[PDB]
Amino acid sequence: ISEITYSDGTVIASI
Amino acid sequence: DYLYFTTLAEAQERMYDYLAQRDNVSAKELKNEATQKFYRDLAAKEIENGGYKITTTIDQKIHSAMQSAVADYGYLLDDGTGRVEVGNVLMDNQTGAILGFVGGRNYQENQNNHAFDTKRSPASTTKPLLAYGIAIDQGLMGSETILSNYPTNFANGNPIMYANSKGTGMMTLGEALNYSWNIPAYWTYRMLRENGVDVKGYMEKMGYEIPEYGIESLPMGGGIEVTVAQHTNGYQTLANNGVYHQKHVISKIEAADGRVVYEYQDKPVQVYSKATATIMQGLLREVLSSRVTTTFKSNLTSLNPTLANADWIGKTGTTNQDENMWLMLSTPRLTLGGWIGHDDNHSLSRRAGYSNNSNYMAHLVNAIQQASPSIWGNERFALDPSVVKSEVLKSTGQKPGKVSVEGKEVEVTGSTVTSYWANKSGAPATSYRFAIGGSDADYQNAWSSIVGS
Ligand code: NI
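Keeping their order, the protein sequence lines are chains A and B. The opening residue of the first sequence carries number 105 in the entry's author numbering; numbering runs sequentially from there. The opening residue of the second sequence carries number 337 in the entry's author numbering; numbering runs sequentially from there.
Bear in mind the hints are in silico, worked out from the structure with no lab data behind them. A couple of the hints might just be wrong.
Derived Cβ-Cβ restraints for the label pairs, each shown as a range [as the list claims (entries may be wrong)]:
#, chain 1, residue 1, chain 2, residue 2, range
1, B, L639, A, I105, 39 to 45 Å
2, A, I105, B, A718, 44 to 50 Å
3, B, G537, A, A117, 36 to 42 Å
4, A, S111, B, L639, 22 to 28 Å
5, A, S111, B, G493, 42 to 48 Å
6, A, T114, B, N492, 52 to 58 Å
7, B, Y549, A, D112, 39 to 45 Å
8, B, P495, A, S111, 39 to 45 Å
Cβ coordinates follow ideal geometry from the N, Cα and C atoms, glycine included.
The following block holds chain B by itself, in its conformation from the complex:
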């Protein structure tokens, strides 16, 4: 199966690294294609002959339970468009250890590994990581910050669409994420660009390879393609209070004569502040609980109510032509990534992610739990004490204050709310451009509504 080859390839990747140090301390010659093959062949020959013990991270009961789950419940993914393919990776949030995965529907009839090898746009699941998480991490927004969802166009003059909608008006970050509106995301990444935020640095620190960052639809998955295993690692990062642990299936390689030629060490990396990550956790909780973009929490409740009450957070994604659906799920302890789609890129049905993948993955979650009862955990996500609380106007997402609205000072007041920030001073006082994004025409409309106090 996938298991043998996934496991063997990373083990022989580790041997490669080991040897290029042992059998040579090799130069920048390591960028030579002939040295690359040579050490690959040597790494392969090493494992075949050296009588090595290769300890993987794979939990036997859980992985086997996952293989049974796709065998028994994979059919729930099929919607008339074919035998819908699938990839899932289950990851320990505190270590980056991969405990089990689904490579696809049936190895014998399709050998493509959809957990580890196949690469596809993360679509809207890019958003928490590339746009909102970074903007929060930079003190550029908090939990109740307002963004524009007013009609706007890409630089090439085509409208930013969401299904058949050209947009609406102002909305909170919560609303923007629960619905996965696109315009707010566009404006957020555009602000990071304009302010010279090293988004590349953040993404690369989590192991993401993206060839061109100068792309407007980047936060929506444009110009990105990723493996499920890698994309799961990004969500692990948010789940584990902002601390990245590199994904892996090999924990140790011992030679026949006892010695350790490779062993996992924990190298945590604080990619987002704990304030940021914890604030995002609370946003992603409501993404699932709101049920706007996924029936997951309902599906799971009907199967296992007690497990439905574990503290589930996550995000959905769907590519433009419904060719890819994603659902990423975390409890404090584990993250489970899910992708469905077709190898030839045919469109899925419009409810394929909303319903089918959601229902399928609720079944997968339950199978995992029957295989290892305590494993999802009863821990809850919680705000880090480093989080700054600002009482802000609901209408502006900023503190109450005076503003000039076409001449005339307005004392802006109304119903307030506690907004959570990841900077030092929290929310600013309200200014005329209170939201992320918006044209002068948008703001005339928005302030008119507000001024109807």
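Bound-form chain A, shown alone:
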């Protein structure tokens, strides 16, 4: 799974 995160590492979305 690829993750996109906010600047603080909190995940925005999994691809």
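Could you slot chain B with the ligand onto chain A? The hints should help.
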């Protein structure tokens, strides 16, 4: 939302670049449409499968606060012309990092991203960047330089208008910007053209794409259309003492096995001199404080007086038929761009930018601050010490001196003022054509007034 797609698209834009180097070191074939798709498809496939960690610049509390702000206060933008659409981008001035944005009123009912994708004339917000900032940067004017706002026509013979006014007379740069008069701006860009200034170079260095520079209404936004994110980056440049940092939402891409396939490096670019940028900062402060073209500082004061006292600078814009309103805002630390309008280009109300966008954005500014209290900052803009100070006549914007006015030497004197320049020697001595622009008839009128000493 917009967040997923904005973020995913730049991340997969970075992978594209990475791969066209890894999976090929690709030729000018990179201008081929089939190679373009191939690497796009590959970049997409890479991210789906490669177990990548994509670190964005988005601040979670701030962005979320911005989404709440438009949800709660977007209605302030509506004036009878429809559900007015909106785009906002909040940018760290020292890095070009985009910390949060507003893509529009409601993603579910309109998918257009008004922060990043939609392109519209910057209108009068073009002026500080394309005309005045460049002219100052080239030693062609200083802070108290006089420009003509006398009636003049475009080459095609139509009058340069401002609302219903055909113009007035001579005025300072400060006055020209606070009111956003159009004629002074026309004359400024015309002077840059006439003197072969590489305006294209400046704009392209900030990432602006403009197809034709040979256009008289260019400083007024004619023949330009820009995204909010890009236009925010231009104001970041002025805010950050003339130093451009490229806009971005992705700071890093790490592969599953640890490695860094992309990472932000700071590549500052000094687009305007610090003297120029700092002088412009002081001009744009008065644009907001004067309240001629925007109720912003009042609106903000009523919400949060202490935040109203941060050092706000900015510029307003409104297209000819009121189809686009813009308000660009900076503190030393952050720039927040704002556009409102309709996707189908219907006219807004005449006070839509003066009042509604201003009030809405004051709410947005406050929401951002409640989400991150220190973030706007208490730093103040200040003149760079490289700035040259010239005592000049208020009437001419140039140093006191003698001039011939239809025969007869006149010793030109009167009340003076400190004018700020970004050249080496500052202001010149006064000459007959003391101002930027003006016909011989204009100058007969102007010198008559002066000569009434
Ligand atoms: Ni409509």
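Exercise. Broken hints, numbered, in rising order?
Worked result: Violated hints (numbers, rising): 5 and 8; every other hint is consistent with the structure.
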